[PDB]
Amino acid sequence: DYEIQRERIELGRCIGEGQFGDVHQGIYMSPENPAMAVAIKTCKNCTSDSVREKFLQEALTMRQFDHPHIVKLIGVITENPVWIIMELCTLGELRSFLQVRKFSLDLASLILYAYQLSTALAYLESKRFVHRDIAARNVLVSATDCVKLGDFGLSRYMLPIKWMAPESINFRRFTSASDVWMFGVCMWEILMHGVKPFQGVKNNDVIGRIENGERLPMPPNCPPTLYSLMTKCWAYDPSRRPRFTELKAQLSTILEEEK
């Protein structure tokens, strides 16, 4: 039973927003237990059964996954106003975190984040789930040594041209291999401490550059084998890209090498 009593939830400050309404941090309380920190998605004008159904489908999406590096569904409140209660990552967005902690994070930590995310994405691959929104903006920080894929509903779109595989841009095709492309971009962002890809470049010129063979450059202090793995994710032909299963394996070795 995923239904939660409203009085068990204490609403705190807003930590952002999505399509349906504001997102809040807060507390989930239960007798005999410590107060559990939670994120709370709200719906301005739920009830209206179409809108309420769409909003709640996002909870159902998260329900089917059980992984250490993907935010977990805690529960729902199906009465008005309708809330979805999620596991809180207390340190926020990965981009901000990397930008501020730049002189306090070593290379091992950054590779650790890439590795952790790859395990989440290999997990999704095995369930045949296509994310479509893999970007550093959608990764959350649970602890200095732990990151997680954020809510899938809240991850939705920015078309994220600068993150997208050519076949996704050209033919609206979205597969695990297009996800791999995006993950390659996400690793580059991590190594760059949260600098955005194709800075200063118009979206329309981006496809022209990829088609001309241009790729994002090797980040300073990124190890060669890791940049080599990144460029494989950016193979123009999707069938030449490694699967997340292979990425996990190779990121494991690269990480160990670095430690």
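Residue numbers count along the first chain shown, from 1. Here, rigid core means the biggest group of C-alpha atoms that superpose within 1.5 Å across both forms. What changes on going to the form deposited in another entry:
- Note: rigid core superposed between these two forms; among 229, 29, 195, 62, the CA shift is 2 Å or more only at 29.
- Core-superposed comparison between these two forms: the CA of residue 52 exceeds or equals a 2 Å shift.
- Residue 43 shows a C-alpha shift of 2 Å or greater between these two forms [criterion: core-superposed Cα displacement of 2 Å].
- Put the two forms on the same core and the Cα of residue 106 is off by less than 2 Å between these two forms.
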Given for the second form:
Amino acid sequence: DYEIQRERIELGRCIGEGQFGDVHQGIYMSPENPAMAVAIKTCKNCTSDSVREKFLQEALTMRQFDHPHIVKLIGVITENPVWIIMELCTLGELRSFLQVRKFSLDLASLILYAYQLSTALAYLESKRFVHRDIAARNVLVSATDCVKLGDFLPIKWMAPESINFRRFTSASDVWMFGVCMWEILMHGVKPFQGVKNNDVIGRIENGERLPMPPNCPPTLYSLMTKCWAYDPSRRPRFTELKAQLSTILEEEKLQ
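Let me have the form deposited in another entry next, following on from the form deposited in one PDB entry.
Single chain only below; no partners, no other molecules.
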């Protein structure tokens, strides 16, 4: 029974924006814990059956997973206004975090975040689950040493086959992960800035790729470039990415 009575939830400050509405922090006065810090996802136009259904589907999806680098579902309130109650990642969205701490965050921390994400994605791959929207905007920061996948057309992140034929696979997820790794190493700058979405595919087909971020180890950019193989069947799977990221992290930590 994931249904939570509204009176058990104290709605606190807005922490960020979300796909269907603002996300707030709050307190869940629960039997297990009289003052549990939580995140609360809201949904504007949840009076619309169509919108409610899509919104609440992410809670159903989240409930299927149990991994240290995937945010956990706590519960739902399914009467209007509909809320999703989630684990609170107290340092917020990854992009804003990287931008604000641009000159506090060392290279080892950025590599750790890519590794931790590869860990979540390998797990989703192991369950044959295709995410379709892997990007830094969908990652949350729980501690300075812990990020989590937080959210279940983003043309500038999408694999060629996704843009061309609306095809999404484990292989297209790896492409998107390549872009996310680039975002992290860029301290939260978006890919292809100043480029219109419609021109993105032309440049990919022409063989153009996002350049090596400053201070990015060559081993890591090489891994990114393998993620961006045009032929999906040449892209690595997450088990290899995870292994390689672990080695890269260690090298970085050793010196």
